[PDB]
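Enquirer: Residues per chain are reported as follows:
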Amino acid sequence: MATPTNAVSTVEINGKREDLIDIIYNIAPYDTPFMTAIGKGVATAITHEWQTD
Amino acid sequence: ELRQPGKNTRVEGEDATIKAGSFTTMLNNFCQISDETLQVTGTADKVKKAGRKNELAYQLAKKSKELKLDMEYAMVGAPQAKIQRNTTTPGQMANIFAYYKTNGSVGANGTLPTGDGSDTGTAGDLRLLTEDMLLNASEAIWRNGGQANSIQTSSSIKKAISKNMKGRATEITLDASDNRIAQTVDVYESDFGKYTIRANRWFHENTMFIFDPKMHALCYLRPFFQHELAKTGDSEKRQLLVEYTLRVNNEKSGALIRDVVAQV
Amino acid sequence: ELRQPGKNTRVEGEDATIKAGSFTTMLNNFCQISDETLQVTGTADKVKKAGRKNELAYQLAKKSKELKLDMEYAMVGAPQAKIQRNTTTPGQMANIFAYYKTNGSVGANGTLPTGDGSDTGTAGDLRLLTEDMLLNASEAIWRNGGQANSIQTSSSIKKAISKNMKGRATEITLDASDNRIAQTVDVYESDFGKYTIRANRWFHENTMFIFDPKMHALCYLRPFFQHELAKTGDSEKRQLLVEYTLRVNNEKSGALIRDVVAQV
Amino acid sequence: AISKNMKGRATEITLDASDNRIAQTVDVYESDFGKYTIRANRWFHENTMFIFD
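Chains as they are written, first to last, in this note's numbering: chain S, -1 to 51; chain P, 171 to 434; chain H, 171 to 434; chain U, 14 to 66.
Among the clues, some could well be false.
[To be verified] To give a feel for the contact side, a few chain H residues facing chain S, derived at Cβ under 7 Å: (1) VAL181; (2) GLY183; (3) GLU184; (4) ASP185.
[Claimed, not checked] Now the stretches of chain H that chain U is said to cover, found in silico as 3 or more residues with beta-carbon under 8 Å: (5) 331 to 342; (6) 346 to 354.
Hint data in this document are derived by calculation from the structure and do not stem from the laboratory.
Note that the Cβ used here is the ideal one computed from N, Cα and C, for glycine as well.
Please work from the sequences and hints to get the whole structure.
Expert: Structure below.
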């Protein structure tokens, strides 16, 4: 552990360009199985009604 | 990452209200330097010996192999936390033991790492290895959207898994006419993933690691090289050096189970 | 052999630190002589006999076969330690029982051999044969990098293995309508190795040997030969000689399990 | 007696529940040291067994 006294090291010099990769890692899932399973339809009013027997 | 869903009912004809977005997170790691030195006297290179023509090349090859093994051990041999380099103190690597904290498990009276790499937490009491740990880890990985497909662990845990696992079974039957006896378990399956189990000689004991190989990288600041030192007498000196760092893409894609004992 | 990995963190730009290297290990073995003698009277070689024309060759063939059997027994029949020869003490070579001390196992109150070949240790109390013995031996062989593929043992141990081995299985099933009964276990396989089991007629009892054939040599100092002795009457004498030794390349490539019994 | 209880190396001896045929006979015995075919002799002496070439 000498790091000779007057040696120019990464500590002394300035202006080091920072490295930052251009990739952003996102693996968050987004799926709607219940939306895909059930059917689709069109409503034409605020209240939608039907009957059962 | 994304945000958790909410009610989101909203009122008809309302003036639009601004909702805050989501921001990214920064992670970083430091660099580490590894080296190996050798010194051989001049007379030892001239005497006749069995199996070697030149001692220097023999020792240099052995030292290079040991240096590669040292790099592997620094990668996965033992827990390690990042330390900023200084003119009196060495710079240190942050390995996998300082990043994975979400989908893993820890023993009793154990503390998980912070997650930035500055610490590795505290170890807990050892516990017997059960399939419930693997199932919970796989489910946790599935919840966070990970795609891990590899499992690595020590030789003892691999032996214990092969000897008595009996996943979702109670009998284990063998035909009497079969002349072959095998004790081999390589593939683990569940509702949430598929994994292959492999053994590592240098892996840390009492640890299991489920991971995706594509989510880790080893970056070389200075590729491995070598040079000879100054001649100050009747001997020859050689040195080999390398400078590297390790990047973990995303912690959510893997799991690390700690403090697990094998075969009681 | 190589050395275990370590921290190896190092400091930027420091003066090179010299650490010691690794050195080899020397092993040696002695030579031993085996002989056979035969004397036949002149009358016995002249009378008519059923099944033979000449008595001398008829006895000589059996003597040569017995000499080969004696060589095999000296190799594997019983434990042996090397003894230096002098004018009054016969020279004795060391067999496999005085070299393997790493991956094997011994009974309670048992002592392992030193390793050089000067002693064979003390045998322990007999114990039953179980699967974990073979599993641990295979794991130990795999850890040290050895590549063994053969298993040899006595007839009684082979009988015991083929009867109640049931590795990893809790029960053995047989079809009730089947008219064929088979008791044959040949191949043992695990994630660390794969071996074929064979029985040896002259093998020492209560011993099992996992080994690789390529790492064992028989060195002939004098190849087997025969010659005529002096004639002192109406009789003919012949003598047969051989001088040999055994070399084991590396004891870390195999295992020797001792003190195992078929029946309690 | 041999066909009644042999169970060579076996521990269970299983039979399908839906099988309408029950067979109880052992003819070939195989071990690490030899293979034998078993046959009964009317005129053989009682309480004796002979393994031979």
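Enquirer: Now tell me if each hint is right for this structure.
Expert: How the hints compare with the structure:
| no. | hint | verdict |
| --- | --- | --- |
| 1 | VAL181 | 5 Å, holds |
| 2 | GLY183 | 5 Å, holds |
| 3 | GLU184 | 5 Å, holds |
| 4 | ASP185 | 5 Å, holds |
| 5 | 331 to 342 | holds (count 6) |
| 6 | 346 to 354 | holds (count 8) |
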